[PDB]
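Presented as structure tokens, the chain that follows is alone, the form deposited without this ligand.
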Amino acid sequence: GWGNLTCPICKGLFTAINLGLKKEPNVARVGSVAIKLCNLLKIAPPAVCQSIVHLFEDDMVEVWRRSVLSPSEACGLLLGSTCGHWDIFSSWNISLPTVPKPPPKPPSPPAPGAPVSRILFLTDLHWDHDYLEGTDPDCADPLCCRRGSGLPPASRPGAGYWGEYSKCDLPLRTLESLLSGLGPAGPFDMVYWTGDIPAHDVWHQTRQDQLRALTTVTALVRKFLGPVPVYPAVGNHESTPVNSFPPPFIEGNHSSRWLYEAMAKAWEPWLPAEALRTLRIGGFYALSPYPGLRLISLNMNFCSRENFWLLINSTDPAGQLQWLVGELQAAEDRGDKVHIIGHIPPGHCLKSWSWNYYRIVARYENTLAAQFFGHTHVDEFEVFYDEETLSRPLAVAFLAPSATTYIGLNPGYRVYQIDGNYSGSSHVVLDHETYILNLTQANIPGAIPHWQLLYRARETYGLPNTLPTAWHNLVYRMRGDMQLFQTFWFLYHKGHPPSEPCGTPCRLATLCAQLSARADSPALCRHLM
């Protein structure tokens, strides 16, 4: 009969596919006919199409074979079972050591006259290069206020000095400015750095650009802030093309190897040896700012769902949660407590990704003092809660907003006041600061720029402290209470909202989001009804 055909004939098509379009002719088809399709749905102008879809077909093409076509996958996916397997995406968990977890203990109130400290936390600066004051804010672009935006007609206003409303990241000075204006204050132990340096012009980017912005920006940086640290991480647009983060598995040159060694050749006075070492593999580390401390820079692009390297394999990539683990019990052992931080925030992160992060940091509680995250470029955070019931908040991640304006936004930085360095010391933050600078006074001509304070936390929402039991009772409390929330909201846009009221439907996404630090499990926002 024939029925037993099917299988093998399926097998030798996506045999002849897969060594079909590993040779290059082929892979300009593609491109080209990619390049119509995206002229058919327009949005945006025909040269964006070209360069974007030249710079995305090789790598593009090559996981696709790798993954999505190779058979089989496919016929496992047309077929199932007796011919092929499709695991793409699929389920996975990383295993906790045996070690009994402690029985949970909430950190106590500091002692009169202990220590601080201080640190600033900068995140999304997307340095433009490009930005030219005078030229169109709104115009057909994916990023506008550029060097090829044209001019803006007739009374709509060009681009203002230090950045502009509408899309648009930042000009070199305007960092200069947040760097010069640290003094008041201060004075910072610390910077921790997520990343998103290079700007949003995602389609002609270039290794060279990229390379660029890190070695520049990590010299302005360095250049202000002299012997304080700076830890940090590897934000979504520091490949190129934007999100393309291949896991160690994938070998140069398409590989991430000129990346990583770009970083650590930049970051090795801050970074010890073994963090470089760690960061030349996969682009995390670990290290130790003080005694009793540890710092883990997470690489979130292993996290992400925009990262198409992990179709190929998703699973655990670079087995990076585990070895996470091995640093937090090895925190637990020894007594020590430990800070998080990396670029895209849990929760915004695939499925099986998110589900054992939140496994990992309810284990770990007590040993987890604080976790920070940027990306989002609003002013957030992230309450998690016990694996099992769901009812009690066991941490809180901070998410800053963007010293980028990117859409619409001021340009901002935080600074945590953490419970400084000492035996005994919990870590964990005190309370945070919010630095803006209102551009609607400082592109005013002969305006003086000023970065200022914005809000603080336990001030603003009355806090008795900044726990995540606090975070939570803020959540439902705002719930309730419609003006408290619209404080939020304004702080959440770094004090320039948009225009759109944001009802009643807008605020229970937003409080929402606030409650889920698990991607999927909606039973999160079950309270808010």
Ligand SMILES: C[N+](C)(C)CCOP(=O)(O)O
The other form holds:
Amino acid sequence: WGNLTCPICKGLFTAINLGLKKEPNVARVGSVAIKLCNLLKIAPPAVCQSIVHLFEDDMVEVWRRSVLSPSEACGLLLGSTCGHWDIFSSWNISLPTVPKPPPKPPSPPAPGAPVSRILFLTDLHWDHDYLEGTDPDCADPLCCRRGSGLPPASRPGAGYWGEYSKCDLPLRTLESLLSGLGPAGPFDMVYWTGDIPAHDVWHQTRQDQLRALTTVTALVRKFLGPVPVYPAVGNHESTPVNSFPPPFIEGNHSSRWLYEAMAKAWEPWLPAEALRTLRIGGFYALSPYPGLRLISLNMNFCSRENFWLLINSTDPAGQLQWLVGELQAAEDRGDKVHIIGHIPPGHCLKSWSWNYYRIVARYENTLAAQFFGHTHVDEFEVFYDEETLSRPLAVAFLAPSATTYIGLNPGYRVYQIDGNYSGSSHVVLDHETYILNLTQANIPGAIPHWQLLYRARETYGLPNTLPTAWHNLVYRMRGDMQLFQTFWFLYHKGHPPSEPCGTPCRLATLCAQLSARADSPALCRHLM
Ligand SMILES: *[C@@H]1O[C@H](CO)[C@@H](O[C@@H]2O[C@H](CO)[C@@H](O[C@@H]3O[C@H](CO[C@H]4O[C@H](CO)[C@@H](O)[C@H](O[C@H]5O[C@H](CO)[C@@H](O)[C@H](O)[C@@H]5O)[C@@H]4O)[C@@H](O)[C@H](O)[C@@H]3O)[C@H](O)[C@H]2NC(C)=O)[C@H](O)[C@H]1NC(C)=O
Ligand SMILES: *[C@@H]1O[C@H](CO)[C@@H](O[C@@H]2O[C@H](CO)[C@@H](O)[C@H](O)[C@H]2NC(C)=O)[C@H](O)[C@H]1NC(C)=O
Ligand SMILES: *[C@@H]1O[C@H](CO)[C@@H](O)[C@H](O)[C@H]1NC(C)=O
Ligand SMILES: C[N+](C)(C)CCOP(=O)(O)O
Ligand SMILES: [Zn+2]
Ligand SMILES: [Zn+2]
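Other form of same protein, the form solved in complex with this ligand, not the form deposited without this ligand:
Below: every chain and molecule of the assembly, starting with the one above.
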């Protein structure tokens, strides 16, 4: 009588569910997990215990409601007859039935046309506990801070402004960055795409994260005054890291604490309609100029590390569908769109990344620019047509981090964009990157001087910065090692590794530049 296997299975995981709601059961989960953390020497025992205690409540709940829920587990184990396993199942959003206009590249701007200057800040990762002189090569996942201890007598401690290691930034270096903006300005707007807290991820309270949010927010507001700042939500803003429950999760373990703090912190910059969307799911749209829409995406609903998506990964918060409606509205008015976000779309979950790719291809004429960060390095992602994966039609700019993490100079970015006038293409025309050379800045008594590292069109000889120039650059770099070495230099903000990047390293790096869609190896067919 195997007619009972499904009854008993469901009875098992129903009892599993009830047991895992009990906090002493959750603590049992945490204790074993910590001993394995110590046994597998993942981190120091202090970090192992702290991070499991911080994560255990939310993670046990998600597993209880997804992988261990009776309908899911028994569906995996006994098949569609018993339950239904649909964890990370494929999904698709709906495009409107409006015919796609003919593909049309942006027009060259007329002589003397207005140029809008956009400051781009990402991955600031302020470390409230940064401490000069401490060990940069400590045993914790983040060093140069209180509790990192002392270096050996053979190596120096963490530099005053930062270190070339697994360390984040003292607030004074963030202050130095914004205080040196004058040469690079003036700015019409600032795009600020996430990651305010540091990587002290094993002990972050909601108050620490809010303190990071409110302190840095006030700092940029002090140095940029009247200039609008459009933020986007990074993966480090929440606690625990990457924990962004979609709006179908209510109660105090939801993201309400964080989104509302953002709506109050960013009220000076965001219109009422933006603040409403922001409070719901951490994304919004607004109009910087007549004929220009800006859309700030919360890419944590695309993230491979947002463990809440194990419950349901299908277009969380309805964001992609909301994006389509916003983009079609822009197409209807003839507006152009900027997209800003944190995690670049090539690094998203499979289904999300594929649907985003399809949206970008549909709205190629309407999308004018895309801006992401999160990787901390200086790179890009080229988008191609759906039909042949060979006509370049969009490019995402991945700007490098202000934080040193890991081992880099601090950096930031400025875009020259086809400006504020009727008929403008609103596309990026050129960009520039500024760095703080820590080797020089950390000399005792020196005053930090942020330097221009490079300008895009000048150093690569680009006629413009449209998608085809970046496509072309990748294939020039396939055959020109010196050119690729330049790019590899700039990629690390002027502080590349000493291990040379040979043939496999180059091909893997070039393949990432063409991988705007996750898990699409065909995109790199011409590289390997
Ligand atoms: C995880 O979340 C997703 C979404 O949040 C859940 O998917 C929804 O599931 C419910 C069932 O519980 C579906 O309800 C059915 O919808 C039928 C038709 O609905 C159409 O119109 C909807 C409202 O305008 C519209 O959202 C939807 O568009 C999209 O969904 C289609 C799949 O449903 C998809 O193929 C399209 O590409 C498009 O993106 C529909 O066209 C209706 O006939 C049924 O009676 C019933 O109402 C929702 O439609 C689902 N919505 C989406 C976007 O998929 C999913 O169940 C959750 N998973 C778990 C395990 O909870
Ligand atoms: C950061 O500052 C260091 C320190 O001066 C620069 O390194 C020097 O680079 C020049 C040019 O290659 C050499 O002649 C010196 O010998 C270097 N000094 C040392 C101590 O290595 C470095 O080039 C700067 N980096 C950037 C990106 O500006
Ligand atoms: C942009 O141009 C329009 C039309 O000339 C003007 O009204 C507006 O003040 C300008 N600036 C912004 C930020 O919209
Ligand atoms: C993603 N990364 C590990 C390469 C860069 C640092 O991560 P993160 O600070 O953006 O979360
Ligand atoms: Zn970051
Ligand atoms: Zn990040």
